[PDB]
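Only one chain comes next, encoded as C-alpha cells, the form deposited in one PDB entry.
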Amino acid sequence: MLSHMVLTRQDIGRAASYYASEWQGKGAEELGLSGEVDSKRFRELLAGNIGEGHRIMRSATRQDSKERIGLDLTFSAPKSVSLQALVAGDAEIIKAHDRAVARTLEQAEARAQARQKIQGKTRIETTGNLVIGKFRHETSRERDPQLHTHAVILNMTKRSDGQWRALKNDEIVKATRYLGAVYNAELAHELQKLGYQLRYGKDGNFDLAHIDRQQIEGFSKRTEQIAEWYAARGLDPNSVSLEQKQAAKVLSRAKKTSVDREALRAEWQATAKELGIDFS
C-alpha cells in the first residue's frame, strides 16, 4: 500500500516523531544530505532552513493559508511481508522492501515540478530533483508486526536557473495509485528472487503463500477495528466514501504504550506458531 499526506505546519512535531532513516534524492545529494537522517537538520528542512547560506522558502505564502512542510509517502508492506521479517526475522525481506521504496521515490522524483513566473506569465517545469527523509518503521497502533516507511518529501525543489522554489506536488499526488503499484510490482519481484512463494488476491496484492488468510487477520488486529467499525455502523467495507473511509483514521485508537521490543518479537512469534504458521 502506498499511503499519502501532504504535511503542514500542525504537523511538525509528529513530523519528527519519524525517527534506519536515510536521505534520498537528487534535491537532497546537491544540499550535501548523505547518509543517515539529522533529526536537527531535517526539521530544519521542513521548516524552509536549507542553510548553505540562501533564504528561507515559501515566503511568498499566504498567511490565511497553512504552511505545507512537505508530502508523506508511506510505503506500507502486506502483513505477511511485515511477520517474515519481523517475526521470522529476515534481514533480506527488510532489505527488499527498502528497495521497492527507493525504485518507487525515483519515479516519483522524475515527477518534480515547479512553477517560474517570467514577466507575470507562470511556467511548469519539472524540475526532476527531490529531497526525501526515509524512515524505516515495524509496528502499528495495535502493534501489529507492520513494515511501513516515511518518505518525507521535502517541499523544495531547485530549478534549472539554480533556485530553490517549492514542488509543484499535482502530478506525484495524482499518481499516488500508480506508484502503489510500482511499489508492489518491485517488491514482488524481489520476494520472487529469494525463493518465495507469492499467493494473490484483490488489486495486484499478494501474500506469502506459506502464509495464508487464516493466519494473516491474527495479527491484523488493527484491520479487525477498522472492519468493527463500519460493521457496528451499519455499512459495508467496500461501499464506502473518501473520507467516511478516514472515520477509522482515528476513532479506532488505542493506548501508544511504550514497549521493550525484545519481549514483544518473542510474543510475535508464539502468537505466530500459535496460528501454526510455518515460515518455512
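Positions refer to the first chain, counted from 1. Definition used throughout: the rigid core is the maximal C-alpha set that superposes within 1.5 Å between two forms. Compared with the form deposited in another entry:
- Only one candidate in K40, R233, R55, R253 has its Cα displaced by 2 Å or more between these two forms after core superposition: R253.
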Given for the second form:
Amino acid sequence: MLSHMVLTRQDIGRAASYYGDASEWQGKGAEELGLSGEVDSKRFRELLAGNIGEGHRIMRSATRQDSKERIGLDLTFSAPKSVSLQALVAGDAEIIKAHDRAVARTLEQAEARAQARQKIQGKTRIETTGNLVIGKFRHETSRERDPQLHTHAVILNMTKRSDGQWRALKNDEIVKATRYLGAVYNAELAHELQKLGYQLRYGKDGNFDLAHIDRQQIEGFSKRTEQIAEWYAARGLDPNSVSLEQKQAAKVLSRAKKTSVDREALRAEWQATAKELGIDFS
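Could you drop in the structure for the form deposited in another entry? We only have the form deposited in one PDB entry so far.
Just the single chain follows, nothing else.
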C-alpha cells in the first residue's frame, strides 16, 4: 500500500517523530547536500524548516501568510499483512531487506518526477529537476501493536533547479502518481519475495499476500482494520460507498496514539498469537 500526506508547519512535530539502518537518506538532492547513510535528526528538523544550512538563505519566503507553509510530502509504504508476519513474527530478515529495496526503487521513480517552477519575464516554466532529498524511516508496529512493516518516506519540500537554485517542490507529478507508485512498490516487493522462494496469492485489486497464510490469520493480526469495520457497522454505513469525510472519521477517530512497549515481550506475544491462529510459517 502507498499513501501520501502533504506535510505542513503543524505536522513538523509528527514528521520529526518518525525518527539494517532504520533511518536512511535517499535522493540525488540528498547527495547534493552531502547527505548519505543514517539520517541525522538535527539536519532533518532544519531541512523540514527549509534550512539548507550551508550558510544559504532560508527557503519558501514567497509562501503566502494566509496559506500553510509546506515542509514536505510523506509517502507511507506498507507491506501486506502476511509479509509483515513472515518478517516480524517468523523472523525472516531478508523480507525486511526486500521491503527496503522495493521502497528505494519506487522512490527512484518518484524522484524522476521531481519538478520545480521558474518564472522568466512573467513566463512560467515547469522544470523536471529529477532530484529529491528524502528521509526514510522504517517502522514495524501498528497503532494497535500488530506486526506492521511500513516506511515513512519523508520527501522534503525542496529541489535544486538546473540553474543551481533551490526551490519548493512542485509535487503534482508525484502526488497524482501515488496509485502508480504504489503499484511499483507492489511489483518490486513481489519480485523480491519470489526470489526468496515464497509463493504469492493475488486477489484482484493488484494486492497480494503470502499464499501459506490465510485471511482469518491475517485478520487476527489486523486490529486496526477491525476497529475501522466496527466504526462503519456502528454508523450503519456501507464501506463500499462511504464518503471521504466518513472514511477519514472512521480511521482517525478509532485510532489509538502510539504508546510505549516492551518489544521483546511484544514479539513473544505475536509468536504465541500466531500459534493460536494456527499459522504455519513453513
